[PDB]
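Next comes just one chain, in structure tokens: the form solved without ligand 3GP.
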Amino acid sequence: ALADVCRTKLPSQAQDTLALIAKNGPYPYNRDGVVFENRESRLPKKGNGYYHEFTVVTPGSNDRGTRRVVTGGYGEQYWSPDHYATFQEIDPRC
């Protein structure tokens, strides 16, 4: 299954990304908001265009890095630190 994480426990930069999503941007990267096709079936299987991805800034890097938020069509939020290898469900109540 997928673990749960409280929004308040995420890194500051992830919380910043959730806030920007809620504001509809403007986003820092051209690939912010592109469809995530869920090709490994790590998230619940849904129809085409259900999920979108957003970058979580990593200072540590010079590139975009590997840290992402994925949103679903009814406002579900997921955290991945490792370019979609691992996901946790984000509990916004939390």
Given for the second form:
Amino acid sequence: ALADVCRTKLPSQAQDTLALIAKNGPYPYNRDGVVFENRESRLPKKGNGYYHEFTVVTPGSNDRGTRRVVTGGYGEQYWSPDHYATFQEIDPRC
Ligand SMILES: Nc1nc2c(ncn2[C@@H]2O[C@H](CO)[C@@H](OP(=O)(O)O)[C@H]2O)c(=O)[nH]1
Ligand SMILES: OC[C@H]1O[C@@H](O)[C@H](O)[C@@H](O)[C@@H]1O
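May I ask for the structure of the form deposited with ligand 3GP bound now, the form solved without ligand 3GP having been displayed?
Now the complete complex, all chains and molecules, led by this one.
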């Protein structure tokens, strides 16, 4: 049961991250692209290595912070402002 968000409504940092995803980087962190395990199953329960996580920069700071995009195996994209506590499916069509 998944909240949905239009790509245009995403903070501009989140959109930068999707742009880096679409050209496969370079990414600003070695941790970008690591397997997201979906341990809590807030996202569709899928096989090993389906999901990958990518940093969204906090505005102001250049630390990683708590903002993230998880991608799925067919290019589904998920937004998390709250360090994997909740997810919204990104609709790239709006
Ligand atoms: N909550 C949660 N975090 C995960 C899961 N799988 C990987 N992570 C997080 O993804 C990141 C890379 O392994 C780590 O957090 P981080 O964003 O602080 O680096 C790790 O804690 C998961 O299934 N659930
Ligand atoms: O040790 C490797 C790590 O260095 C950190 O400073 C960065 O966030 C990443 O590039 C990586 O996850």
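Rigid core here is just the name for the largest C-alpha set that superposes within 1.5 Å across the two forms. Positions refer to the first chain, counted from 1. Residues that one form lacks are left out of the comparison.
In the core-superposed comparison between these two forms, the C-alpha atom of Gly60 has shifted by at least 2 angstroms.
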